[PDB]
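The chain below stands alone and is given in structure tokens; this is the form deposited in one PDB entry.
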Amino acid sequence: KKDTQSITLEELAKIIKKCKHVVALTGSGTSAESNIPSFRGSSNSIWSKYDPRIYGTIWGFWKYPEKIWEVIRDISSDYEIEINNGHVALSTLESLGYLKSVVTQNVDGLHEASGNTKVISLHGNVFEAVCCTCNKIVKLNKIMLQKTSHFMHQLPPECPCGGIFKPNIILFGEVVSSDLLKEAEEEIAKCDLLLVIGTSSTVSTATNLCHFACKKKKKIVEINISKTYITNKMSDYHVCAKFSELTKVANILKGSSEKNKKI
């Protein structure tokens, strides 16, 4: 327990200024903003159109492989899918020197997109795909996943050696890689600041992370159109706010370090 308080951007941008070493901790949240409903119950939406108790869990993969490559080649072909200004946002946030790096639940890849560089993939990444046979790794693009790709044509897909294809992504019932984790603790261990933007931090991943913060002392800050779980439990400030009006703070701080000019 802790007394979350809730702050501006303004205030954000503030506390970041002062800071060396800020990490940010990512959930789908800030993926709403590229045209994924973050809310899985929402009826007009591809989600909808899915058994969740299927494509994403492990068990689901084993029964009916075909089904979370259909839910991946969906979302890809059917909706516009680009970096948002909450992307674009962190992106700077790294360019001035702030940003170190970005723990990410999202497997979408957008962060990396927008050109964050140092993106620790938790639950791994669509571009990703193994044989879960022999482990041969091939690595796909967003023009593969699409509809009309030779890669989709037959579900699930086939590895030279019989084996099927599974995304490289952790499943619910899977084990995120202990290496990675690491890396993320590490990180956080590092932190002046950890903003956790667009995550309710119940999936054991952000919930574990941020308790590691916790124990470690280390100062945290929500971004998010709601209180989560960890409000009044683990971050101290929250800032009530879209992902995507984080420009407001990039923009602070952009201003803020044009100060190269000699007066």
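We call the rigid core the largest set of C-alpha positions that still match within 1.5 Å between the two forms. Positions refer to the first chain, counted from 1. Compared with the form deposited in another entry:
- Core-superposed comparison between the two forms: the CA of residue 231 stays below a 2 Å shift.
- After superposition on the rigid core, the Cα of residue 39 moves by 2 Å or more between the two forms.
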Second form
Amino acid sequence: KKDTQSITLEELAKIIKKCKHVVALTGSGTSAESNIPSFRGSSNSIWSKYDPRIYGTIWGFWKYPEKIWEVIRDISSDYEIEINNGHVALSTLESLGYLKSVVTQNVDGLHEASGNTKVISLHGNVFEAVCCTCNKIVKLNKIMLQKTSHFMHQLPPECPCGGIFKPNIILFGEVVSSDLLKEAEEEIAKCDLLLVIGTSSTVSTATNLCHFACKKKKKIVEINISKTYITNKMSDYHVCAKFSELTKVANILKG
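Return the form deposited in another entry of this protein as a structure block, the form deposited in one PDB entry having already been given.
Left out here are the partners and the other molecules; the chain alone remains.
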């Protein structure tokens, strides 16, 4: 427990200006304004439409591997998924020489698409698939994820060997690999500021990385439309703002 003081976007800017190695921790909050639904119970959740028991678990995948591809296929095709100002904001913060890494739980690859250089994907990424028998990795893209694509024509997509392609994202019942977790630890260890942007709703890999940050005495700044699990627990400051309002911050540090 500790005191988390609310500050303003312009106050945050003043904090960042002094720092030299900023890391951003990002969850579904950073993608909401790109029309990507969340994956918990946040009202804007994907689980309105699909049963998580069947569509989101490894044992659900083992028995009905097509279903998670229906999910991915539908989202890619039916929603106007594009970069938002927050992503442009972050990208320019990296261009300005302050933001060094982004550890994300998002599977949409938007940070990278924004022009950030070092993106650690805790929950994997929807643009890789892996054959479940021969381990062939195939890198995908928007076009191959479309409902009319050849790749999507027969579900589940099949490897040349005859095996079944699994999307390279963490499902319910899978743990994040140790080495990926360490890459995230290693980046936080050497940071002088941590932005927890649009995440920490609930205990998760991200919460634990925030705890790690406290243990390492790192200044934490929370940017979120609401309070969260780490507020008055591990975060030092809180900025109540939507992700896209970060352009307010990028503009100031540009001048």
